[PDB]
Amino acid sequence: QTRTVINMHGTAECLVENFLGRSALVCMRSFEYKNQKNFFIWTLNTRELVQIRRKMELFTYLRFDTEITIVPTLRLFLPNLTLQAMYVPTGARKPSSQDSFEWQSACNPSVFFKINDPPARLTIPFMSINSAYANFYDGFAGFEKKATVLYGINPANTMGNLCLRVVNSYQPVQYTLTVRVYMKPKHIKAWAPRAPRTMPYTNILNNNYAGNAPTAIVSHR
Amino acid sequence: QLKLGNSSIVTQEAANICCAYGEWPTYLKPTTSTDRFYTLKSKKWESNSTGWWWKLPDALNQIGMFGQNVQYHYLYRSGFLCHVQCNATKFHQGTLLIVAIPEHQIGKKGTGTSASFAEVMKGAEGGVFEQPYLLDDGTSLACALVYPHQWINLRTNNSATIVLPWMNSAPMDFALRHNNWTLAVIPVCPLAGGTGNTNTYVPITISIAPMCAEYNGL
Amino acid sequence: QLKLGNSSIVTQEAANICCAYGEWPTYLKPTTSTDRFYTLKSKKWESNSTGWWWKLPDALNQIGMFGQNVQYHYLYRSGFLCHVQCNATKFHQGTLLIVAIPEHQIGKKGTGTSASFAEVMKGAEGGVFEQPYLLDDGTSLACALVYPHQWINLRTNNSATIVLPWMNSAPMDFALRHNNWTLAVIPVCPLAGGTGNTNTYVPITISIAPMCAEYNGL
Amino acid sequence: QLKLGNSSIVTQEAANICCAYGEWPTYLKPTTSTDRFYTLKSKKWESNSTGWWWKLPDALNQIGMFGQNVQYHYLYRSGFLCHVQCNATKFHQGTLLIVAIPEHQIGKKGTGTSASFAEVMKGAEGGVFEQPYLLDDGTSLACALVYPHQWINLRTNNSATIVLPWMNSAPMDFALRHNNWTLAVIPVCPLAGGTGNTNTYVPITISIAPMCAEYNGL
Amino acid sequence: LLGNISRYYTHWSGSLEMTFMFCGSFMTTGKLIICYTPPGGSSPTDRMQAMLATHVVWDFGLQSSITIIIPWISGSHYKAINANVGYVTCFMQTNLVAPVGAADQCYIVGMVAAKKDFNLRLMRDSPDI
Numbered sequence: 049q050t051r052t053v054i055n056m057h058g059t060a061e062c063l064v065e066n067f068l069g070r071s072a073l074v075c076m077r078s079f080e081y082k083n092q093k094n095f096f097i098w099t100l101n102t103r104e105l106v107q108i109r110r111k112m113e114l115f116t117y118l119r120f121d122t123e124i125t126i127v128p129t130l131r132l133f143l144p145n146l147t148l149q150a151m152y153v154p155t156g157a158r159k160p161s162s163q164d165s166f167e168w169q170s171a172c173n174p175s176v177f178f179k180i181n182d183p184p185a186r187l188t189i190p191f192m193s194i195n196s197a198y199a200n201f202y203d204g205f206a207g208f209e210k211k212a213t214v215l216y217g218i219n220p221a222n223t224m225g226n227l228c229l230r231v232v233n234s235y236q237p238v239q240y241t242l243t244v245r246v247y248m249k250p251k252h253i254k255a256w257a258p259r260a261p262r263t264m265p266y267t268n269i270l271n272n273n274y275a276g282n283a284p285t286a287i288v289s290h291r
Numbered sequence: 015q016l017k018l019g020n021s022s023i024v025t026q027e028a029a030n031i032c033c034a035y036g037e038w039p040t041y042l052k053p054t058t059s060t061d062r063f064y065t066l067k068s069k070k071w072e073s074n075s076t077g078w079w080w081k082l083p084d085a086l087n088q089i090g091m092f093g094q095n096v097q098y099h100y101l102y103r104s105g106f107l108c109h110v111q112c113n114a115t116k117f118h119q120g121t122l123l124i125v126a127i128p129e130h131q132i133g134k135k136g137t138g139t140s141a142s143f144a145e146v147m148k149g150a151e152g153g154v155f156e157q158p159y160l161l162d163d164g165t166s167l168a169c170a171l172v173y174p175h176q177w178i179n180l181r182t183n184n185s186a187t188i189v190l191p192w193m194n195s196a197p198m199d200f201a202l203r204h205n206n207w208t209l210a211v212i213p214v215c216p217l218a219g220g221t222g223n224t225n226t227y228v229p230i231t232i233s234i235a236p237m238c239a240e241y242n243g244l
Numbered sequence: 015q016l017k018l019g020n021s022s023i024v025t026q027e028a029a030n031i032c033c034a035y036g037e038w039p040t041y042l052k053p054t058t059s060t061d062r063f064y065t066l067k068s069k070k071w072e073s074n075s076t077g078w079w080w081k082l083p084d085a086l087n088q089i090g091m092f093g094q095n096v097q098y099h100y101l102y103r104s105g106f107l108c109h110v111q112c113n114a115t116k117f118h119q120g121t122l123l124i125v126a127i128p129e130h131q132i133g134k135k136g137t138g139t140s141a142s143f144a145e146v147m148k149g150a151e152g153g154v155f156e157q158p159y160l161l162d163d164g165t166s167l168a169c170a171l172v173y174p175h176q177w178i179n180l181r182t183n184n185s186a187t188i189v190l191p192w193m194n195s196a197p198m199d200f201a202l203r204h205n206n207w208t209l210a211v212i213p214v215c216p217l218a219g220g221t222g223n224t225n226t227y228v229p230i231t232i233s234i235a236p237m238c239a240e241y242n243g244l
Numbered sequence: 015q016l017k018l019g020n021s022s023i024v025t026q027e028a029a030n031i032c033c034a035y036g037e038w039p040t041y042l052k053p054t058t059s060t061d062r063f064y065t066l067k068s069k070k071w072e073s074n075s076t077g078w079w080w081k082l083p084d085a086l087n088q089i090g091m092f093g094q095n096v097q098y099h100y101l102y103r104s105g106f107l108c109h110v111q112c113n114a115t116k117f118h119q120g121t122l123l124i125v126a127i128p129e130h131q132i133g134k135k136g137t138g139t140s141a142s143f144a145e146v147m148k149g150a151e152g153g154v155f156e157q158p159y160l161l162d163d164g165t166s167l168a169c170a171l172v173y174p175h176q177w178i179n180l181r182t183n184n185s186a187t188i189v190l191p192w193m194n195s196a197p198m199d200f201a202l203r204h205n206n207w208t209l210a211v212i213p214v215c216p217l218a219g220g221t222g223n224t225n226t227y228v229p230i231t232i233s234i235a236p237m238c239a240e241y242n243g244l
Numbered sequence: 098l099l100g101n102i103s104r105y106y107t108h109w110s111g112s113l114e115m116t117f118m119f120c121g122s123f124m125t126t127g128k129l130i131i132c133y134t135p136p137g138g139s140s141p142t143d144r145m146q147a148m149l150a151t152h153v154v155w156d157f158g159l160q161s162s163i164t165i166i167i168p169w170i171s172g173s174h175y183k184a185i186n187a188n189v190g191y192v193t194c195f196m197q198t199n200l201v202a203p204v205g206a207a208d209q210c211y212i213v214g215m216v217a218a219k220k221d222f223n224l225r226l227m228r229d230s231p232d233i
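Chains as they are written, first to last, in the authors' numbering: chain A, 49 to 83, 92 to 133, 143 to 276, 282 to 291; chain B, 15 to 42, 52 to 54, 58 to 244; chain B', 15 to 42, 52 to 54, 58 to 244; chain B'', 15 to 42, 52 to 54, 58 to 244; chain C, 98 to 175, 183 to 233. A prime marks a further copy of an entry chain.
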């Protein structure tokens, strides 16, 4: 039922750098445009896509430099619209709307590209206060003994936010613009590998398991 | 007969005291007689038990001079020597798995909301696994051996030793609401000292020693 | 009088025993008295014959200790020494072409479906060419000389020798359902021993010796 | 953890493995991976048991590659390493006498006719003493210590080892119908593990390894 | 860990070490026969089949935990016919001897690891989630 004679190889493929460190489609947000809102806001986290979330959660601590590649896409009901991708670091007010003063900043880095141009790239360096990203955190963000402070959220782990604005928002045509975000870690250093997760997910903010049953992982013989 | 500072504890060491990931704990303005063994309350290992867990900085926030310094000082940095003794006769049987999970994010079953400060921060009392099989982590107990692990087998190996270094992505952190380590004692095979249940207790004794302890801010 | 292991065979070698592509077979956890000559059943070379073919690993799956090891062991790796003897008087005439085709994918004529396990895996009995001219391969018998080839000319050259090394794109492979080699004896010119057909047989004798044989998994 | 060839067996050796009459077995046209430990079926040592005996060449005529060679080859010559394990708790008591009788001519009681092929050639199953006191030999169990002997005392000595050389008045002999050795395990003192007969079994494990094995005639 | 990590890789090959740990009392004693059947061969059904294959007689009385080193194995998913590799089986060599004190019941726990000779080659998504 098989024909496998696999010769011995090197350890190049099974490097942590080559495992975690390559582009993955994390965000696929779409925006209608017709006859003020529908700007792109996205929190930088590895927890949005289940596959990459599990692959990252195999380890406790890990440092990397993040290549964010934005792929535009136009879907008319093609004009070369101008797109601006602004990387707002943690502790800066988020763009309230498309026509917001935060876009005209002298401190927030950004890129100007267009649809027909190659997809845009930024390389955000290792950004956290803490000397390594912690996938799991057995603590609290604040000191208050209240439900207001969420459990297992390190506020240093935030990588900042990415905000994409379609500069040519007002156009004669009614369409949809879909932004694709690709995240690629670089110079990944990992410490304290974790037990691989089995059960599915509920939310990015919490590690609750709902349930291959919670009383038996492997399909019983 | 081990002894750090003033307190002493009688041990039954018969094999190399394995350091967690082979790193002996060390400290490196911030900095001293509180480096002593604290023996936590004995826990009944009944045949129907699930598994216990102590969060070490949480477990020592209220214990003696260490607790006093943690309450006073705004930071800390401390390695932990954990000694676990399952006390039983030659007649008893079973296996305790001692796993020192780094950053053991507690996970409730069949709920949306996360665990609150009450369910996570037991303190000296310690916690109990709702689902030992899944470590209350979404992981598997089968996969729990990646963490610093040891076995108390009621035949041969009647005591376990763990030596946890400073596992954190900062040189120093806060004890009041962060838990670097979680020492979990889980019964893999149920206790079966079938003596007509004359004494089903077979109590477990935990002893934690904060080694290379330093703090910042008097 | 050639002899490998216990068995011996009387030969009539008179010219250099050409190795297939000039490589003498060799073996390189895996590895032994089964390296002996196996003389297959004699085949009648009638004037109206087409051509015969034996798949060597298939031909030796059921023969003696080699067959026993192949049935037991999950892998193999073996060179093959093939000796072909066309036995006839000085009066007979004709030409046998001995071609050791590597990976001879059998091809049915005027059908959509491929050859099944029955038509391909003859075993010790061996197969018969439906269309000798096309080698049952879509190729031409005219082009069949690229493969390791020899001639039994009933004048001068009355015996052929082939020495096949390990021809496979893996160090080891499976004998049960893979055929590295196909030893094909094809009569280029029909037998014309016109003695009033007193004995039209002129039988062919095949003898295969698995040399440098090794296996993996007892 | 003893191991000959591929198979391994975990031992509890604590004293010099005495060779029968101080001769380590050795082989001297005749001559090989069949030199491996064969663990025979466990035998229940009940309190009312009499004694068991295995004829080593008879015991190994049908076991694996050794059995295959014996069935194929007309002769043999082989030393025997016999390991006997009486498995019991500290609570049990009794004594097993392990005697390797050379040429143990079986003797029926109160009959004229001798023992037939059925009563003598048990094979792997092994035999049972009708009269343990007389060894079914006309001798006395009191006199049974002249033969290569060892003691499994359920206190201290819980395993026995015997190393039998080639005991025969010919360099080689036939396995099919000759028995050089007879390994007899006889309970001198009845098993008295008086635990309310929760488990009266206390099974014996025999393990025979044919060492320095050679044969004549393929 | 072997299974979870390897399911991220289509092509894998290497040797394994399996540790069986006994969880009975100190007084309890017995024997097991642990046999390894290489790939292709049918899994053993009787002690006579087990006693012929590459086996070890694991004794509780002397040795608490046993280790068996499985030589290098390989398999791939790559139409779909899946794959098959050799088995490992355990047979009750003797009864389980237990005194009046210790329970009749006992438990055996399994452990697996890959030696330094293991290799993972072609990276693919794991269908677990």
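One thing to keep in mind: the hints can contain errors.
[Said to hold, decoys possible] Straight-line distance between alpha carbons at most 30 Å, and here's what the computed DSS-like set of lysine-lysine pairs gives:
no., chain 1, residue 1, chain 2, residue 2
1, C, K183, B'', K17
2, A, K251, C, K220
3, C, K220, A, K254
4, A, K210, B, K17
5, A, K210, B, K69
6, B, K116, B'', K116
7, B, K148, B, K17
8, B', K148, C, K219
9, B', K52, B'', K17
10, B', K135, C, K183
11, C, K219, A, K111
12, C, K220, B', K67
Simulated from the structure, these hints should not be mistaken for laboratory data.
- Are the Cα positions of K52(B') and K17(B'') separated by 30 Å at most? holds (18 Å)
- Straight-line Cα separation of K220(C) and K67(B') no greater than 30 Å? Given pair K220(C), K67(B') is violated - Cα atoms ~50 Å apart, limit 30 Å.
- Query: Does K17(B) lie within 30 Å of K210(A) when you go C-alpha to C-alpha?
  - Reply: violated (37 Å)
- Agreement of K183(C) and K17(B'') with the hint, judged by alpha carbon distance not exceeding 30 Å: violated (45 Å)
- Holds or violated: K251(A) to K220(C), with C-alpha atoms at most 30 Å apart: Holds, at about 27 Å.
- Query: Within 30 Å, alpha carbon to alpha carbon, are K219(C) and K111(A)?
  - Reply: holds (23 Å)
- Query: Does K17(B) lie within 30 Å of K148(B) when you go C-alpha to C-alpha?
  - Reply: Holds: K148(B) and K17(B) sit about 27 Å apart, inside 30 Å.
- Does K148(B') pair with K219(C) here, judged by a C-alpha cut-off of 30 Å? violated (42 Å)
- For the pair supplied as a hint, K220(C) and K254(A), confirm whether the alpha-carbon distance does not exceed 30 Å. Cα-Cα ~22 Å, so holds.
- Holds or violated: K210(A) with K69(B), Cα cutoff 30 Å? OK: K210(A) and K69(B) at ~28 Å, within 30 Å.
- When you check the alpha-carbon spacing of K135(B') and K183(C), does it fall within 30 Å? Given that 30 Å is the threshold and the Cα spacing comes to 26 Å, the pair holds.
- Task: Compare the distance between the alpha carbons of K116(B) and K116(B'') with 30 Å, and conclude whether the hinted pair is satisfied.
- Result: holds (11 Å)
Against the hints set out earlier in the document, violations occur for numbers 1, 4, 8, 12.
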